[PDB]
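Next up is one chain by itself, shown in structure tokens, the form deposited in one PDB entry.
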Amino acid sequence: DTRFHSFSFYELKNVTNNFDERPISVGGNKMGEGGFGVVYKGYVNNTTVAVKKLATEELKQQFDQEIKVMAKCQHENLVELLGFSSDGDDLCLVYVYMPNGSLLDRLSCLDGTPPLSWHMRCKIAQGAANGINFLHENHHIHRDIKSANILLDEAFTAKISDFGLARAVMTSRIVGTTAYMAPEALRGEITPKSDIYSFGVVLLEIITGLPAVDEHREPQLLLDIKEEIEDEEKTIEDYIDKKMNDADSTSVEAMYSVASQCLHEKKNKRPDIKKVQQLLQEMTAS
């Protein structure tokens, strides 16, 4: 489709069963939730869509900024915005429906989905890196790269999502997700090098199948396994997701080497996204 649609609030309310907050499994419409708002499944113009209901003038400005960023950022590895609603009670954004949900939910097999093969994980890592490359080429810093923000379409093509914190340098309002954040981002710096660090945590989640933070785990933060492997207390083999049957040591170690480079403590020692893209291609190169 070739245009952004203005939707009525009542149409979005109607097609989401009055913004039914129950999960889809029990008969509801909720698909995702966070600080941004709630994402609901809807049906508009004989098509399934995702509706983000934003959770006053400052919120209207972030809504306008989100529309602006999505209108400029159209790429096969970015979620596509279809339309918006601002006439009624709440502000809504309508996106292309991602039938295979988030990479976080697919890694945890949420709702009974089969585990992702190593082959599919390599394709998703490459796709996500292609999306970040587009953002950085167009001078955008995502600021919240994480597996919950990597969505998957009908063909498991990776789509970077949630550009609510994106910026086109220091800040006094530090935003992002702690378990994925680079040390300089936690201190207030705004740099695309921080997105690279966060992508390195995503690569560890892909290799291990483990969440970035788990209170009932040692270590609690996934990024800390890099030190265990460097100090030879553990190997990458010990951490490889046992829910795969097709992982091979060579390609897993090649992905771990990229993740390790991304997780360098000094921002200038990290590879840029073009180099990450090159290394991920060499991993599967024939």
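Numbering follows the first chain given and starts at 1. In this text, the rigid core denotes the largest set of C-alpha atoms whose superposition between the two forms falls within 1.5 Å. First, how it differs from the form deposited in another entry.
- Remark: the rigid segments turn against one another between the two forms, and the hinge among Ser25, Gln65, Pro115, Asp224 is at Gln65.
- Relative to the larger rigid part, the smaller part rotates 16 degrees between the two forms, based on C-alpha fits.
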Given for the second form:
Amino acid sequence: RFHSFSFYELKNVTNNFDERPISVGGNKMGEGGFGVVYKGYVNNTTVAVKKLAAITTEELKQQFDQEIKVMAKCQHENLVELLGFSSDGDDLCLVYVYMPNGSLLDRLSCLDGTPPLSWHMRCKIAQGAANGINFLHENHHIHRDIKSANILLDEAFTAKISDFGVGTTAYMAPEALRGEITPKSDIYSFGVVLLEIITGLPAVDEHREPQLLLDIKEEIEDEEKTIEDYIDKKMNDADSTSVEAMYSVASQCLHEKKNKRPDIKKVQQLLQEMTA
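For comparison with the form deposited in one PDB entry, please write out the form deposited in another entry.
Chain alone follows, minus partners and molecules.
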């Protein structure tokens, strides 16, 4: 299943856990979630290495085992993969396969000058994220934090659902803001994600009206606006038909009432008929 790494290999491969950012040539790509994450290269693969730091050194462990426990079950083309771990001396380390095209969020915003995603590619990424969510649901997992920053992209730009360390309020369904734990909340957050894919806009912008992307649904329903007004201008290949089809899916996902939202298999089917 998992390759058992030794802490000292992981130390050597991250260049002794170089803390300088990769933009400068170091190995540190991120922080947060009770650990720092470093780019490395092991077993002929570029990898992401999360080294856990120290609150209560036993709850760290708790989280360490939990992640391995859940990641063991979750293996799918459209999920991020846990290569292995190290329970070895000094620290705890988790090793994931590195996705070189980053998050869907960064590419939608064209961070660092990457070219804009085409509509074809956007459609395929939506289908893939839907498939990964479907795997999570079929096997009785709730993601509880679906967002564009939790969708990574590999060399081929295939969607890989991730969960970096109760959710993100700009993506949260009303019932989830009230404490309910259900997959239908995942479907709602995914509807927000589809709005991001269509518009290229972030989910929340404090300096924008509306501040929340989901509210554009209202503006379109009250016919103060239309979807064409919000289409990302950074594509030349987007046809009105399939854009409206994706918007329909997203709108159905964003129903305030959780039992009126489609399940993930329904979404899958609608996104299929979108490009069929």
